Every structure is written in structure tokens, then in C-alpha cells.
Amino acid sequence: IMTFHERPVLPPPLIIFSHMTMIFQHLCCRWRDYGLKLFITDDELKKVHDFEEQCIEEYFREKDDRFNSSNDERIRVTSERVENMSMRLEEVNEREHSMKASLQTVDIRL
Amino acid sequence: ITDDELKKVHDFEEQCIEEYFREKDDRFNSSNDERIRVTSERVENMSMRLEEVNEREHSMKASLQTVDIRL
Amino acid sequence: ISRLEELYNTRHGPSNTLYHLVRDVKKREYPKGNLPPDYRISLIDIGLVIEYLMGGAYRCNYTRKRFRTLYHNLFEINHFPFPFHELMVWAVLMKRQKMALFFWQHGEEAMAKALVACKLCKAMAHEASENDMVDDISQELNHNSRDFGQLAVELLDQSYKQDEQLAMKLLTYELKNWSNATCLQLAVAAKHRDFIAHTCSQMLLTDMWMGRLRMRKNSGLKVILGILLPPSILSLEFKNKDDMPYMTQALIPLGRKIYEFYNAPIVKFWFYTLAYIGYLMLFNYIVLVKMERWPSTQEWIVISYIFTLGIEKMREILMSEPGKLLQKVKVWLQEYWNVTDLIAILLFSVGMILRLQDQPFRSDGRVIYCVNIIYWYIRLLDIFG
Amino acid sequence: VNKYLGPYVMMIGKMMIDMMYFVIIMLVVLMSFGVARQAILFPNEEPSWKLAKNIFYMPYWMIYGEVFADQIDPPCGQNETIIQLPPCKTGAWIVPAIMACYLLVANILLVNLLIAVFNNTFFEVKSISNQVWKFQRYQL
Amino acid sequence: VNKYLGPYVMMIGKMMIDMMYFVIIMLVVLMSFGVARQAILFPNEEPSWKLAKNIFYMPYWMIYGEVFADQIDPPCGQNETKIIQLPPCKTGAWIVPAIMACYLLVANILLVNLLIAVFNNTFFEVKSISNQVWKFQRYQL
Ligand SMILES: CC(C)CCC[C@@H](C)[C@H]1CC[C@H]2[C@@H]3CC=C4C[C@@H](OC(=O)CCC(=O)O)CC[C@]4(C)[C@H]3CC[C@]12C
Ligand SMILES: CC(C)CCC[C@@H](C)[C@H]1CC[C@H]2[C@@H]3CC=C4C[C@@H](OC(=O)CCC(=O)O)CC[C@]4(C)[C@H]3CC[C@]12C
Ligand SMILES: CC(C)CCC[C@@H](C)[C@H]1CC[C@H]2[C@@H]3CC=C4C[C@@H](OC(=O)CCC(=O)O)CC[C@]4(C)[C@H]3CC[C@]12C
Ligand SMILES: CC(C)CCC[C@@H](C)[C@H]1CC[C@H]2[C@@H]3CC=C4C[C@@H](OC(=O)CCC(=O)O)CC[C@]4(C)[C@H]3CC[C@]12C
Ligand SMILES: CC(C)CCC[C@@H](C)[C@H]1CC[C@H]2[C@@H]3CC=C4C[C@@H](OC(=O)CCC(=O)O)CC[C@]4(C)[C@H]3CC[C@]12C
Ligand SMILES: CC(C)CCC[C@@H](C)[C@H]1CC[C@H]2[C@@H]3CC=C4C[C@@H](OC(=O)CCC(=O)O)CC[C@]4(C)[C@H]3CC[C@]12C
Ligand SMILES: CC(C)CCC[C@@H](C)[C@H]1CC[C@H]2[C@@H]3CC=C4C[C@@H](OC(=O)CCC(=O)O)CC[C@]4(C)[C@H]3CC[C@]12C
Ligand SMILES: CC(C)CCC[C@@H](C)[C@H]1CC[C@H]2[C@@H]3CC=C4C[C@@H](OC(=O)CCC(=O)O)CC[C@]4(C)[C@H]3CC[C@]12C
Ligand SMILES: CC(C)CCC[C@@H](C)[C@H]1CC[C@H]2[C@@H]3CC=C4C[C@@H](OC(=O)CCC(=O)O)CC[C@]4(C)[C@H]3CC[C@]12C
Ligand SMILES: CC(C)CCC[C@@H](C)[C@H]1CC[C@H]2[C@@H]3CC=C4C[C@@H](OC(=O)CCC(=O)O)CC[C@]4(C)[C@H]3CC[C@]12C
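Residue numbers (the authors' numbering), protein chains in the order written: chain A, 1114 to 1145, 1155 to 1232; chain B, 1162 to 1232; chain C, 485 to 515, 523 to 566, 607 to 781, 834 to 968; chain D, 969 to 1049, 1055 to 1113; chain E, 969 to 1049, 1054 to 1113.
Keep in mind that the hints are not guaranteed to be accurate.
Unchecked claim - Where chain B lies over chain A, by a calculated footprint (3+ residues, C-beta under 8 Å):
no. : region
1   : 1196-1204
2   : 1211-1225
Stated by the list, open to error - Here are the simulated DSS-like pairs of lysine-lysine, each with C-alpha atoms no more than 27 Å apart in a straight line:
no. : chain 1 : residue 1 : chain 2 : residue 2
3   : B       : 1169      : A       : 1222
4   : D       : 1099      : C       : 873
5   : C       : 907       : C       : 510
6   : E       : 1099      : D       : 1021
7   : C       : 873       : C       : 907
8   : D       : 1018      : E       : 1099
9   : A       : 1185      : A       : 1159
The hints are simulated quantities; they were obtained by calculation from the structure and are not laboratory data. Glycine residues also receive a C-beta, built at the ideal position from the N, C-alpha and C atoms.
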């Protein structure tokens, strides 16, 4: 696309006429850069700019949500928890055994 | 078709609609993603409730020790 | 400015190839040699490193006359207006990938910064393999180039999901902090094949292809009848004056329609193709029919086509990116179709010279014409491209 | 109407497009060889439509196992029991060389490439043709 | 009986059916070209069974690399050297090389390559089925 955008308008034979203008222009403008851009105005440059920040936040956030929806991570984060309840419920079991012994001795005193 | 067969065809159609919709719900509810998600949420609530149980049990054990001291 | 120079001149952190890059560009600028072990690396030296890595007609903000003036006049004017661009370029150069990804989140021009970091990391990967460094450095720099390329593709996906039109403005607007370049151009210079082949870039290229023309219905036929019949041009729906003005350097409605039609890239391609088919059909006629002592009218049109094509390929050599004439010749001969074009034009030259003599050199001139006509059907596959 | 012939017929209709792209590339290569052979072997010719026929005549039948072996490199430029074989046109040795290149490109490259594009698009075309035939049973 | 030749033989027996469908389509195209060529090039013919033979004779051998190059476009309607006068051209005799070109293209390029594709994409299922069928028929043997 960029080659054909840069080619003279006239075809090879008639390219002689085009090359004539080109050099006539060189021997005129001198005697007197590549690419198709868009040259945005500063207002639409800001609007383009904040569009890019909505996209960059939505990409990172999404990546995080698809990471946690990952079955693989719904299993990792279950295991950590399970262990913390396993030691805590064992502590509940030992403490409630002491509570029943204290309540039984209190009833015998009463 | 006749009106009575129209009635049977419509009833059969409602049966097929209910079958498809709630087998779709059963297929959704028995998948690995839904089962593992529900287990995850229920374990979140279980761990919060068990931490509350730990705090209240520690308080009740201290109160029972004080009551045994009072007797 | 002084804090960033202290960042570039640090000795802590992981190892890097930045000292080899600075050494090579001081050898190229002043052919000296090995730097002293106490050479404070200026930001002018960093800007020259960016020149050799980017390639082409790049011009970093460090090497411009505004920055060289301040640098001499000082060693919020010394503060950078867009600091995360400078932290991106810094974190890429001494191979700190985890910090470079953090600086891509914060700041702006993320699409520009990811394509610049992709072209940079590929360039020092090639430079480390060229200077026979550790191959693990070249593998990890290629991996950093692929990560930054994958970030630009996935950001392009997200823009295309949100707003199709604003994604094209993201891809084409002038990047004043990156030598007035374009996000579409930076992907091409980075040779990033997945970026251009994405659907958003493809409809952008189709809009560039049609020029100032709405059309987009039964492609090809409407511009062929436009070329053959000039009053068929005015009966087609043209595009508005400020719909998408891709411009190079920033009775009357009938003349504007004619100029906008004849400057479209699809119209210039179909005018080029119809000229090539007419040329090839003439060059069949002059080798099938016998030829006299002097060339016929059809042979003179063929000879004129070879001369105007040879002048056109000579102009493409001159109007190219580098400065040196040997560099211009070399970059033009990386394309294989340009190599075979020059060979076939030289064979037509020696064949026509032999044909313009008498016998038995006229028969030798025809044989070279017949070998040349084998080539011009094979080059008709470029039109099929 | 038959359950196996119908999908086969619309499958042939699907591979017609790949056949047409093969025909376009083969037309380019065939015309280049035919024009080169005719223009070398016949230097003094008047404008006649037989030249356009001779472009396409023999190079087309080269694809189907007929190389025209009597006219590949005819004996020329010497006496032979005694007649005088006609003098040799300049560059006539080029014709078997470009014949060899053309026969290689045609018979080995392009036919096998068409075999590859027929083979690797067979499954999608077969499934689509089966489903389209089962759809068009109603119209039949 | 052999472990490799037996499955090969029943595999050939499986590709009989794809060959038969190819033979049906090829019979239609061959028969059309033969009828057209015989009816154009021989206008004044009596009812005889040799016409049916001439329908099938040379179009069938055109599939196997014999195009009968002396009879594709025979020269006619002119004098060629003693001066010999060739018989005049039957009307529409130029159509015969054109439909010959279309016929040869369709048969050798389309249908044979299509049969290669049919043989190829049904190879794996036929191979597994034929191996298991051979292992089953070992008992009967
Ligand atoms: C737009 C593309 C697809 C085609 C454009 C090219 C054609 C319009 C040209 C190319 C070849 C040309 C032909 C090449 C040679 C001749 C022979 C020429 O006759 C002579 O040179 C001898 C008699 C005389 O002097 O008039 C008459 C024109 C003609 C048919 C030309 C007619 C116009 C043709 C077909
Ligand atoms: C841009 C190029 C590649 C294609 C242009 C296509 C046509 C505009 C050209 C191609 C062939 C040309 C024709 C080729 C040969 C002749 C014969 C020629 O006859 C004579 O010159 C006879 C008198 C003499 O001998 O001087 C008159 C011009 C004409 C019709 C040409 C007119 C212009 C044609 C049609
Ligand atoms: C006597 C000589 C000239 C041989 C005749 C050659 C052609 C005139 C024939 C041979 C095979 C035919 C083709 C065989 C199969 C089909 C598919 C069939 O199309 C459909 O079923 C429509 C759906 C689809 O195209 O997928 C009919 C057209 C077509 C292309 C046929 C068009 C006419 C063809 C090319
Ligand atoms: C690239 C492939 C797939 C297709 C290209 C080949 C065809 C376009 C060619 C090959 C054979 C050619 C035919 C060979 C011979 C003749 C006879 C010719 O008639 C005469 O010469 C009159 C009778 C005579 O002089 O003997 C008319 C053109 C025609 C049909 C040719 C038309 C063009 C054909 C079909
Ligand atoms: C890219 C591909 C498809 C181009 C293929 C081009 C050739 C197959 C054509 C283009 C121009 C044609 C020529 C244009 C004009 C003539 C003159 C014509 O002369 C006559 O008919 C005699 C004149 C008379 O006595 O009336 C004979 C065919 C010929 C040589 C044509 C032969 C076939 C040619 C070379
Ligand atoms: C592009 C694909 C899909 C189809 C192939 C199309 C062309 C390659 C064919 C179609 C019409 C053919 C033409 C039809 C008629 C003739 C006349 C014929 O004239 C003679 O044979 C004159 C008699 C003689 O002196 O032998 C020469 C071949 C030619 C130009 C044919 C050349 C090949 C053509 C252009
Ligand atoms: C000398 C001339 C007449 C050629 C002879 C050709 C046919 C008479 C022969 C050649 C190969 C034979 C075939 C080779 C292999 C088989 C598989 C075999 O069948 C089985 O093993 C049964 C299971 C199955 O069909 O898969 C025997 C029949 C068949 C179709 C044969 C049938 C007869 C065929 C077609
Ligand atoms: C579509 C394809 C796969 C099969 C279609 C082709 C066959 C049905 C044809 C092709 C060759 C034909 C044979 C060619 C020649 C002869 C000789 C002929 O005998 C004579 O002419 C007698 C002796 C003589 O007169 O010389 C009897 C028919 C026969 C066997 C033909 C029978 C039909 C055949 C086998
Ligand atoms: C859709 C497809 C399968 C149709 C194929 C049709 C042809 C192959 C058949 C149909 C009718 C047949 C014809 C029917 C009658 C006769 C008369 C017959 O004459 C004799 O046997 C001589 C009579 C005598 O002198 O006693 C010669 C064969 C012929 C031309 C047959 C030749 C073959 C034909 C054309
Ligand atoms: C449908 C597929 C799977 C199998 C192919 C079957 C037909 C295409 C074949 C089988 C029997 C064949 C016929 C067997 C005998 C003869 C007699 C034969 O007569 C002669 O040759 C007469 C002698 C002469 O004058 O040459 C002409 C061909 C014909 C009709 C054959 C034509 C082709 C036929 C119908």
C-alpha cells in the first residue's frame, strides 16, 4: 500500500512526463516525511489518550479475573484455607474438651 | 391435525421445553467449574464463621474458668 | 536530567550489554575505540544508541538540537514532561524486564512503548549474537521482544472490542515523542507479523487502499471503468472531506473528484496493472511476428517502457531511507524482485543493442528478447500478489 | 439424489475454485513457455492467428504425458543419409532447457501442490457438502 | 495370511467403493467427450456397433498418458507436399481440441486428484478396521 501511494500517478511510459514534473519541481522549488499519519488536534489527542487508559486498565483487570476464575487457582486458594481451619478446629476441639471438664467439676461442686 | 391432537402436541412440547431447560441447569450445576466455585465460596463462609466460633469459644472458656474460680 | 544520568551510569543491578552498545557507537561516530573505565555515559550517548537500534530514519529526542542546547547550558525545564517514556527506554536497555513491564502500566502511549520496546529488544538480541556474546543473553532478549510484542497485540484486541474507530486513530496518529512516527509504522519496523495481520490493522489498510472513496462494493470493476471511461468517475460516491484524512505533509467539485480518484492507491494500482498487461501484450507481438532492420511502432513502445521503468527503479534507489549511496543500493537489493528487475533491464539493454546491429547479432538480440519474455510472465505473479 | 453421489458432486463443485487458481498459475507458466518456444523456433513469421494457436497447442499437451519427443531437439545443421537438414535457428538449444524447466515446474510442482490443496481442504468440504445435501433434500 | 499383506488386501477391497464412484463420474465425462468427438468428426455414418466402440476407445486411453497427438488437430483443407491434397475439414472440427482440453483437464487434474484425496482422508479408519478384521479372521483361517 505504501509503495503504490508513493509511486507517481502516471504509468511507466507516461512516467516520463511524471519524472519531468518531479525534476522540474526540484529545479524550481529548490531554486525558489514518509507514511500516512493522521495529525490529530490536541483535543482529540486527549480523547484518544484516555481511550488508551480505559483499554490498558480493562486488559490488566480482565487478566486478573481470568486468573482467579481459573479452576487451577480456585483449587490453590482452597487448600491454603482448608489448612488454616484444620489447625483452628483442632484448637477448638482441645479447648471445648477443657470446657466440658470445667463444667462437670462446677456441677459436682454445685 | 385436529384440536385434540393439537392439545397433545402442545403438552408434549411443554414437557420437552421443561426437560431441555432443567437438564441444562443440571449440566451447569454438575460441571467442574460450578462445583469448584461453589465449594470455594462455601469454604470462604466456613472459615469466617469458624474464626468467629474460635473467638467466642475462647471468651466462653475464659468465662467458665472465672465461674470455676468463683465457686 | 541529572538523576536519569545517574540511573544510566549505575553499577548495581543485573548485568547488561549497554556498555558494548555505547562503545560501538563511539567507534562509529569517531573512528578512541575502547571507552575509558571511568566514562560517564551522557544522554547524548544514549540517544545515539537508540539510533543504531531503531534503524531507519529515526531521530530520538536526545540527539535533537533542543536537548543538546539544554545539555550544554546545564552540564521545570530539566524535568521531563512524560517521564515514564524515559523509564521505559532505560529499563529496556539494561535488560530489566520486570521493571519495564511495571513502567508500561503507568504513564501513557502504551501502544507506542510496547512496539518501541519490541523493536529495541529484538535489536540488541541481534547485536549480542553479532558480537559473539553469551547466547543466553540473546535468547532472553528475544523473549523480552516477544513479550512486548504480545502486549501490543493484546492491547490492540482490547481497543478493537471497545471502539473500532478510536482504535484506528490510536494506530495512525503522530507520535511526537517517537520521531513523529506512527504506531502502524513501528510495528512494521519491528517486523511484528501478528500486529499487522490483526483484523483492526487490516481494515485500516483497506481504508488506506481506497483513498478518498467510499465505494466498497464489487471491488475492482468500478475503478477499471473509471480508468477506461473518465466520465464514469463522477457517477461514484466519494468520501467526505474530513472523514479520515491520511495526509503526508500538511467545475471545481468535478476537478476535485478527478484528482481524488486518480490519487487513490487502488486506482494507481489498477492503472499500473493495465499498463503492464498492455505492455506485455505488445511484447508478445514483437517476438512472435518477424522484425525488420529497424524496430516497429510496437517495439518502440516496449523499449520506452523498459527505459521508463529503469528510470523509476533508479529514483526508488535515490529516494530511500539511508544517506550513503552504497547503503541505498544495498537496502534496495534486499528485495529479490528488485534484484531480478535490474538483471532483466540489463538483459533488455544488451539485447536491444545487439538487435540494432546487423546479422548475426540481430538473431542474438531476439534470443535475449525471448528469454526476457519468460521473466515478464513470472513477474505477472506480483500483480497476483 | 443418492446419499453418496450427491455430496460427491457438490464436493467437486467446491474444489472447482482451487482448480481455477491452479489454472491461472498454470496459464501464466504455460504461456511463457509457449511464447518463448514459438518465438525462438520460428523467427520469420507473418501476423497470423496460428501463432496464438501455437502458443497453447503443444505446451498444453505436455502436462498429460505427451512431450512430443520427435520435436524436442530435432537433428539439424548437418547432412544425414543424403539430405540437408535445415540450418539451425539461433538459440534453438534454449528450447529443450526451458522445456525441462517448464515440465519440472508444471508436472512436479503445480500438480502436486493442487494435490496438497485438495487433500488438506477435503474434510471441511466433505462435512459442509454432507450437511448442504441433507438440507437440499427438502427442496428436492 | 501374512500380517502385513492381509490388511493391505482388505484395504484394497475397501477402496473399491471410492473407485466405483470415481468410475461413475469418469464414465459420465468420458462418455460425453466420446459422443461429442465421434459425432462431430464423423457426420455421415451408418448405424453400426463401431460407433459405440469409438465412443469409449481413445477417451479412455487419454487418461493414461496417451493423448493420440497425431489425431488431436489433423491438418486438413489445404495442399501439403508430390503435391498431395488433404481432405476437407468437417464443420466444427476445431471444437474437438477445445473440448479435448476441457476433458483432459477435468479427468486427469480434477478427478484423479480428488480420488487421491478420498483415498487419503479415509486411509486411517480403513487401516485400523482392516487390521482388526484380519486379526478376527485369523481364527477362521
Ligand atoms: C487494457 C489492456 C487489457 C489492453 C490494452 C492494450 C491493447 C489495447 C493493445 C495491446 C496489443 C495491441 C495490438 C498489437 C498489434 C496490433 C497489430 C497492428 O497492425 C499492424 O501493426 C500492421 C497493420 C497496420 O500497420 O495497421 C494493429 C493493432 C494491433 C492489433 C494492436 C491493437 C491494440 C492492442 C490489442
Ligand atoms: C501504455 C501502453 C503500455 C499501452 C497502450 C495501449 C494502446 C493505446 C496502444 C497499444 C498498441 C497500439 C497500436 C500499435 C500499432 C499501431 C499501428 C500504427 O500504424 C502505423 O503507424 C502505420 C503507418 C506507419 O507505418 O508509419 C498506428 C498506431 C497503432 C494502431 C497503435 C495505436 C495505440 C495502441 C492501440
Ligand atoms: C466434454 C468435455 C468438454 C468435458 C465437460 C467438462 C465440463 C463441461 C464439466 C465436467 C465436470 C463438470 C462439473 C462437475 C461438478 C459440478 C458441481 C455441480 O454444482 C453443484 O452441485 C452446485 C453446488 C456447488 O457448486 O458446490 C454442478 C456444476 C459442476 C461444477 C460441473 C460443471 C460442468 C463441468 C465442469
Ligand atoms: C492453462 C490451461 C488449464 C488451459 C489453457 C489451454 C487452452 C486455452 C488451449 C489448449 C489447446 C487449445 C486449442 C488447440 C487447437 C485449437 C484448434 C483451432 O482451430 C484451428 O486451428 C482450425 C482448424 C485447423 O486449422 O486445423 C482453434 C483453437 C483451438 C480450439 C485451441 C483453443 C485454445 C486451447 C483449448
Ligand atoms: C498476459 C497474457 C494473457 C497476454 C497474451 C497476449 C497474446 C496471446 C496476444 C496479445 C496480442 C495478440 C496479437 C494481436 C494481433 C494480431 C494480428 C493478427 O493478424 C491478423 O489477423 C491478420 C491481419 C489481416 O490480414 O487481416 C493475428 C494475431 C495477432 C498476431 C495476435 C496474436 C496473439 C497476441 C500476441
Ligand atoms: C483464464 C482461464 C480461466 C481460461 C482460459 C482462457 C484463454 C486462455 C482462452 C479462451 C479463449 C481462447 C482463444 C479462442 C480462439 C482462438 C483463435 C485461434 O485461432 C486459430 O487457431 C486460427 C486458425 C489457425 O491458423 O490455426 C487461436 C487461439 C485463440 C486465440 C484462443 C487462445 C486461448 C484463449 C484466449
Ligand atoms: C488382468 C486384468 C483383468 C485385471 C484384473 C482386475 C480385477 C479382476 C482384480 C484386480 C484387483 C482385485 C481386487 C483386489 C483386492 C480385493 C480384496 C479381496 O476382498 C476381501 O479381502 C474381502 C474384504 C474386503 O472387501 O475388504 C478380494 C476382492 C478384491 C476387491 C479384488 C477383486 C478383483 C480385482 C479388482
Ligand atoms: C469409465 C471407465 C472406468 C470404464 C469405461 C471404459 C470401457 C467400458 C471401455 C474402454 C475400452 C473399451 C474396449 C475397447 C475395444 C474393444 C474391442 C471390441 O472388439 C472389436 O472391435 C472386435 C475386433 C476388431 O474389430 O478389431 C469390443 C469392445 C472392446 C472390448 C471395448 C469394450 C469397452 C471398453 C473396455
Ligand atoms: C446415459 C447413457 C448410459 C446412454 C448411452 C447411450 C448409447 C451408448 C447407446 C444408446 C442407444 C444405442 C444405439 C442403439 C441402436 C444401434 C443400432 C445398431 O445397429 C446394428 O446393430 C445393425 C442392425 C442390423 O443391420 O441388423 C448399432 C448400435 C446402435 C447405433 C447403438 C449404439 C449405442 C447407443 C447410441
Ligand atoms: C458402470 C460401470 C461401473 C461399468 C462400465 C459398464 C459399461 C460402460 C460397459 C460394459 C459393457 C460394455 C459394452 C460391451 C460390448 C460392446 C460391443 C462393442 O461392439 C464392437 O466393438 C463391435 C465391433 C466393431 O465394429 O468394432 C462396442 C462397445 C460395447 C457396446 C460396450 C460399451 C461399454 C459397456 C456398456
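Consistency of the hints with the structure:
no.	hint	verdict
1	1196-1204	holds (count 6)
2	1211-1225	holds (count 9)
3	B/1169 x A/1222	violated, 66 Å
4	D/1099 x C/873	violated, 53 Å
5	C/907 x C/510	holds, 19 Å
6	E/1099 x D/1021	violated, 49 Å
7	C/873 x C/907	violated, 46 Å
8	D/1018 x E/1099	violated, 53 Å
9	A/1185 x A/1159	violated, 32 Å
Checked against the numbered hints listed earlier, the structure breaks hints 3, 4, 6, 7, 8 and 9; every other hint is satisfied.
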